[PDB]
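Participant: Given chain A, work out where chains B, C, D and E with the ligands should sit, using these hints.
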Amino acid sequence: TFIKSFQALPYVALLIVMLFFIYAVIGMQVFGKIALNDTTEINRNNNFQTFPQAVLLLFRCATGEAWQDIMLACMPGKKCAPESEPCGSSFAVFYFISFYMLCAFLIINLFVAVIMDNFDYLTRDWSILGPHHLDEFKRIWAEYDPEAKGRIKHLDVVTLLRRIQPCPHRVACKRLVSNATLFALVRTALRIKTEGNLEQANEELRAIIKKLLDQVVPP
Amino acid sequence: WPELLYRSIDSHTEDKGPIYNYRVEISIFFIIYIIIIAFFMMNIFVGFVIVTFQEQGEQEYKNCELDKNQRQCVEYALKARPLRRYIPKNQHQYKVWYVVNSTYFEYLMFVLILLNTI
Amino acid sequence: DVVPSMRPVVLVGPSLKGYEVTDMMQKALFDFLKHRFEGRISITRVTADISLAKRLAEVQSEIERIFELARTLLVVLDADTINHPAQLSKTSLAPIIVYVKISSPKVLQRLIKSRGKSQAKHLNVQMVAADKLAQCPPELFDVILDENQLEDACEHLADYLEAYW
Amino acid sequence: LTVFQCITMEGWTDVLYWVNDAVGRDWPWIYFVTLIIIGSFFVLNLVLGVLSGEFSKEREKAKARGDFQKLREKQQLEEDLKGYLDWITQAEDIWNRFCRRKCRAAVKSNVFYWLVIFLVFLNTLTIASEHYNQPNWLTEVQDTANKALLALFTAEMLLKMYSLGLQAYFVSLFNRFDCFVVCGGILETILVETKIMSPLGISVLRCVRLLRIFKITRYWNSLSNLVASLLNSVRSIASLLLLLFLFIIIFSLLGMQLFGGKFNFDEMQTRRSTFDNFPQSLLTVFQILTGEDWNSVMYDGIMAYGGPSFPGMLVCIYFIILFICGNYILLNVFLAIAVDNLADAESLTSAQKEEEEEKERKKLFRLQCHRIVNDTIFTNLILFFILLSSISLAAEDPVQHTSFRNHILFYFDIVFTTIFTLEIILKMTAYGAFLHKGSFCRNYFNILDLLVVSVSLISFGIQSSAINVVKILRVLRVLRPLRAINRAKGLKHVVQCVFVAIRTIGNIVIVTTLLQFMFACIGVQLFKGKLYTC
Amino acid sequence: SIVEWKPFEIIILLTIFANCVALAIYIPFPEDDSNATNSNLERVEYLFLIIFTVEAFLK
Ligand SMILES: COC(=O)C1=C(C)NC(C)=C(C(=O)O[C@@H]2CCCN(Cc3ccccc3)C2)[C@@H]1c1cccc([N+](=O)O)c1
Ligand SMILES: CCCCCCCCCCCCCCCC
Ligand SMILES: CCCCCCCCCCCCCCCC
Ligand SMILES: CCCCCCCCCCCCCCCC
Ligand SMILES: CCCCCCCCCCCCCCCC
Ligand SMILES: [Ca+2]
Ligand SMILES: [Ca+2]
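Residue numbers (this note's numbering), protein chains in the order written: chain A, 1 to 219; chain B, 220 to 337; chain C, 338 to 502; chain D, 503 to 1036; chain E, 1037 to 1095.
So that you can see chain A by itself, here it is in the shape it has in the complex:
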């Protein structure tokens, strides 16, 4: 379900990608010429010299990994690169503060957007009927029936693999007698209402809410 939620919001992550792109290019053009030397943090591993390198540095900052030492190393006064025929900008505050405040925001925006898209599942009593029970019924139905070949086909009550949750006082017989059987079980096992007229009520509810074969659904 989380994979589905992630794949159902391809644009909340696109925003994070756009932010990484923007800040990678900005850091490229401003801090690109700092001198690569160790004992600092703009070194042979961290630098804004190529786009992959800058994106790695920004991923390092986003996970909060001594980003302040990079920030202090990109402050002005640093020797410039030799391939450049001094360098270092004081923008390095606004570049590294804001980034951390932006990513850490857009991350949360992403996470919650994925949580709450999915919030139907995360809060769930696991007792009242849910997709798990319906799919378990689908597989047992396939166990007692080959591919799409069940119309009545029933002379047995061996359908007790339906656990206590949806023969107590033969209410199983009442439910069975009173895809069509799937929808009948859906309506009855919920036991929403009991008035003796709920078949026509189900008819009108399905008509108003709905799109498919309703000539068999109510019976």
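Calculated from the structure, these hints are not laboratory results. There may be inaccurate statements among the hints.
[What the hints assert, rightly or not] Incomplete in silico selection of chain E near chain D, CB under 7 Å:
hint, residue
1, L1059
2, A1060
3, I1063
4, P1064
5, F1065
6, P1066
[As the list claims (entries may be wrong)] Dumping the calculated DSS-like pairs for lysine-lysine here, alpha-carbon to alpha-carbon at most 25 Å:
hint, chain 1, residue 1, chain 2, residue 2
7, C, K438, D, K864
8, A, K4, B, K287
9, D, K662, D, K717
10, D, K576, C, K450
11, C, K354, C, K427
12, C, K438, D, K576
13, D, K855, B, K281
14, C, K443, D, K861
15, B, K298, A, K211
16, D, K864, D, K584
17, D, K649, D, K662
18, C, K371, D, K610
19, C, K371, C, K438
20, D, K1030, B, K235
21, A, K210, B, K281
22, C, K438, C, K458
23, A, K211, B, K308
24, B, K308, A, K153
25, C, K450, C, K427
26, B, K287, D, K662
27, A, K174, A, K153
28, D, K610, D, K855
For each residue, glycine too, the CB sits at the ideal point set by N, CA and C.
Facilitator: Here is chains B, C, D and E with the ligands on its own, set in the frame of chain A:
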């Protein structure tokens, strides 16, 4: 953070070098802050985002119809479709199918996967 | 019956007028009531038991002067006995009565302890009448006063007075 | 052990740089980036999810006891009490005291409120004007402007008390806090003028002086309900925090028991975060809990029990149980507190602002032969040109000045700048160009397209001069990706929901950015240059 | 049985608190070194074992 917690515990007096563990009580200032701005107020923050998203989502509450679980139930009128399993026909091709489709096979193969990882 | 040229206005208040917690609310409403109806409302203070009304030696001549001033062309009557419509509705004077009530029974004692503890023991006697005022249905509670601040209830009192004028 | 150190995202980048040195820069980044993304961000999203699910179950199960109804009843009661005390106080004014019936209206008047807000701002500016070695005139300015503001704030303390009822003025929580802060100011005057004042005094007294900035943020109502709920449920916040404190005490006593005095290595005493005594053990356990140098505090914990061996290096169990079941309990505590008090304190808002509004409502050129055709092929060609332009500026070479690739990218920039001027010319046929109601300007995205294109062209114009001005005009051409926001009907929805989120969140951001100002000012008081070292 | 009727549970909780405070003051010196305070805390510790074993028997 801890590189600064210990420059500010050694902190002595205006324009004077450090003294080892001059004041450990200063750590309180760095604890309260950490509890307030980093822990409490940036979890108030995600809590606020969560509750706001839930409000943005309950706009389509639609209380005229009943609770949400029956909404998923009625949306699952699209179930009860066939699933391919290829029940065997040949007798030489059914014994193997049965033995490989029994749980006796899957337990063993979980055991072998674990042994290969080991 | 027939209107005595105007509807006499008395204010029941949250409780008995003999204790400051209530009569202060009456004065507070009366000041603002009088300062916006010049030539439209005459305020008078009555003391005798006008509950015993016909339409006691002191009470003998008390009732008629209210009608006399009502004919003068609405009129505010300030009493010390009308603490419920029942002790005033037995006779059909056809008045309009301002029905002050507090929506909660729990702020009353907090108001009681406010200024001084000398009055404290009367809180029950304070509260019972409010309880005895609580269950009265709106049709005999014609003036509905629910809210907190004066500045809006004073505007609320404006509207009731223009059914005829 | 190394992978688990990476997952917690501290020490992640070392073990990547060491591997980069060992086996080259090429592949290892896949391993470690994927490890962080799958195993750190994703399984933190899952944890936030499961916790929020449990908390939304507990909220609904909290509709059995109806604690929210208790909070609402208390809120209405405390509103009504002051509302009726207004009736009483306005009654008392019928030893002539004609002054009060005017000074009360002055109090309620917005001019006085804005005056006492401007005074708060001056107080802040006299506090924030701290400085390492400020000129000697600034010190006397701050002293006199502190005395004057304290005297005035006491003046509008007593004026507010006497224009209302004392027994009514103390009803409001805010005024009870304000009386406290001005009393703290008076105590400050006493201590500083008697000269018996101590560094703890210069801390707490100036601290309460800062707290007077809370005189702002009293209109704002969502945070008012939030604070009301926090003060309602303090019996549970205290319990949760106290249980956390006991967990930390246990994991610090065990810390001293296992690593007490075992950190003495002949190397220079760089081990500041030892486990020696109890206060220095609490700081170390807290540092592990927040996970700052969890590595080093575990490598020292290991190398104390012999090097990496079998009996030794089972002292990773301590620093792993700690980092697991301390961050879990931190997240649980500080999300239960921050959701069960921020979803009920938003119910207050949704049930009283609604109620109050319901209460008040119930009381009451050429325009011929154009070509806007084929807007379904431009709407994709422009995307597949913006993407290539974005990659184009992603492919520049900073370190070399006259790079071979840079000339080719300049040629691409020529082509793309011309093509992106083509659509600007095209949309003349569409209504706009400050003509026809100015339909051009009503939608800022088209203007932004023109703006970034115009900058890419102004850089060209300056390039003939070839001067360092373009040094900025180059950088801003990073704006090119944002054009997609206009051209992707899906991306527009997300980038608008983000702004809606910002506006809805704004109160919390304001509280936090105003509550960091107090900590900045206290830090300035405490460490105003006491951090040097030779 | 009637001992637990009496509210001593407060005194046993105060014993727990005194044990926490006895553990806080104990400085773990590197190699068997000790000061006077660590010497006294061991006698106080025998006291705490006594007061815990007694209540163990009772409960
Ligand atoms: C005002 O920010 C602060 O004082 C903070 C500062 C600067 N340092 C740290 C790291 C904090 C922080 O977590 O930054 C957050 C990161 C996520 C986005 N957050 C809001 C935001 C959204 C979009 C654009 C910009 C900002 C800012 C506090 C803080 C704690 C808790 C809540 C909070 N808040 O802004 O609500 C802020
Ligand atoms: C001789 C005593 C000097 C130290 C007194 C206390 C200073 C250190 C207190 C550390 C508190 C940290 C709290 C950890 C999280 C609750
Ligand atoms: C000299 C050795 C070259 C080996 C090249 C391997 C490339 C990929 C290795 C890392 C892939 C890890 C994926 C993690 C699971 C998604
Ligand atoms: C929870 C697992 C982490 C720690 C497990 C303990 C492993 C101890 C042995 C590892 C090293 C053995 C000796 C290597 C040669 C120096
Ligand atoms: C409830 C109060 C507990 C305070 C401490 C209790 C135990 C203290 C015993 C030893 C105190 C240290 C001094 C040792 C003699 C010089
Ligand atoms: Ca970290
Ligand atoms: Ca670090």
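Participant: Confirm or reject each hint.
Facilitator: Cross-check of the supplied hints:
1. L1059: Since the shortest Cβ distance to chain D is 5 Å, the answer is holds.
2. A1060: holds (5 Å)
3. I1063: Status holds, d = 5 Å.
4. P1064: Holds. Min distance 3 Å.
5. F1065: This hint holds: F1065 (chain E) lies near chain D, its Cβ roughly 5 Å from the closest one there, short of 7 Å.
6. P1066: With Cβ-Cβ at 3 Å, under 7 Å, it holds.
7. C:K438 x D:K864: Roughly 19 Å separates the two Cα atoms, so the pair holds.
8. A:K4 x B:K287: Holds, at about 20 Å.
9. D:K662 x D:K717: holds (14 Å)
10. D:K576 x C:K450: holds (18 Å)
11. C:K354 x C:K427: Holds. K354 (chain C) to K427 (chain C) sits at ~20 Å (cutoff 25 Å).
12. C:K438 x D:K576: With Cα atoms ~19 Å apart, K438 (chain C) and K576 (chain D) stay inside 25 Å; holds.
13. D:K855 x B:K281: holds (22 Å)
14. C:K443 x D:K861: holds (22 Å)
15. B:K298 x A:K211: The given pair, whose Cα atoms are some 14 Å apart, holds under the 25 Å limit.
16. D:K864 x D:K584: holds (23 Å)
17. D:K649 x D:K662: Holds. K649 (chain D) to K662 (chain D) sits at ~20 Å (cutoff 25 Å).
18. C:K371 x D:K610: Holds, at about 23 Å.
19. C:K371 x C:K438: Satisfied, since the Cα-Cα distance of roughly 21 Å is no more than 25 Å.
20. D:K1030 x B:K235: holds (11 Å)
21. A:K210 x B:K281: holds (15 Å)
22. C:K438 x C:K458: holds (21 Å)
23. A:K211 x B:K308: violated (38 Å)
24. B:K308 x A:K153: Given pair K308 (chain B), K153 (chain A) holds - Cα atoms ~22 Å apart, limit 25 Å.
25. C:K450 x C:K427: violated (35 Å)
26. B:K287 x D:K662: The given pair, whose Cα atoms are some 53 Å apart, is violated under the 25 Å limit.
27. A:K174 x A:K153: Roughly 18 Å separates the two Cα atoms, so the pair holds.
28. D:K610 x D:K855: holds (22 Å)
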